Amino acid sequence: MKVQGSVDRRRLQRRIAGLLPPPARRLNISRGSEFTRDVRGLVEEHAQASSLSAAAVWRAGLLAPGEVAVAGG
Amino acid sequence: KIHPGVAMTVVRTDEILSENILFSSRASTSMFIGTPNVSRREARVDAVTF
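The listed protein sequences derive, respectively, from chains h and N.
Under the entry's author numbering, the final residue of the first sequence carries the number 73; numbering is consecutive throughout.
Under the entry's author numbering, the final residue of the second sequence carries the number 1086; numbering is consecutive throughout.
Just so you know, these hints were derived from the structure itself, not from any lab.
Don't be surprised by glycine CBs; every beta carbon is placed ideally from N, CA and C.
Some hints could be false.
[Stated by the list, open to error] Chain N side only, calculated, beta carbon under 7 Å to chain h, not exhaustive:
#	residue
1	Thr1071
2	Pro1072
3	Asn1073
4	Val1074
5	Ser1075
[Said to hold, decoys possible] Covered stretches of chain h (chain N as the covering partner; in silico rule of three or more C-beta atoms under 8 Å from a C-beta of chain N):
#	segment
6	16 to 30
7	39 to 46
Take the sequences, apply the hints, and build the full model.
Structure follows, in structure tokens:
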């Protein structure tokens, strides 16, 4: 009964989870914490500079697919 | 300095600085507070505005 012609089932979700997320704005603030990884992740400007190493460059992400340097691989 | 045919009235407005006192009775207004927000914009070449 399960023909499964197209490959969208169980596979396209992973692709669209990567193609999915937009950049964050309007992060809500708690007074007592006043500083979090959430605020830092909203704040980080993500510069483009070389440390002149294999691991260091790949961590800095300069070998980015788009025009902007993106980290995290 | 001869008195003209007619007389006149003179009007002006004056401003006085004044230190006031305000009394408020208890429990006169209910206030609802919201959660604060932080957003970013005006991404310019050297700076960001929040």
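Which earlier hints turn out false for this structure, listed by number in ascending order?
Structure breaks no hint.
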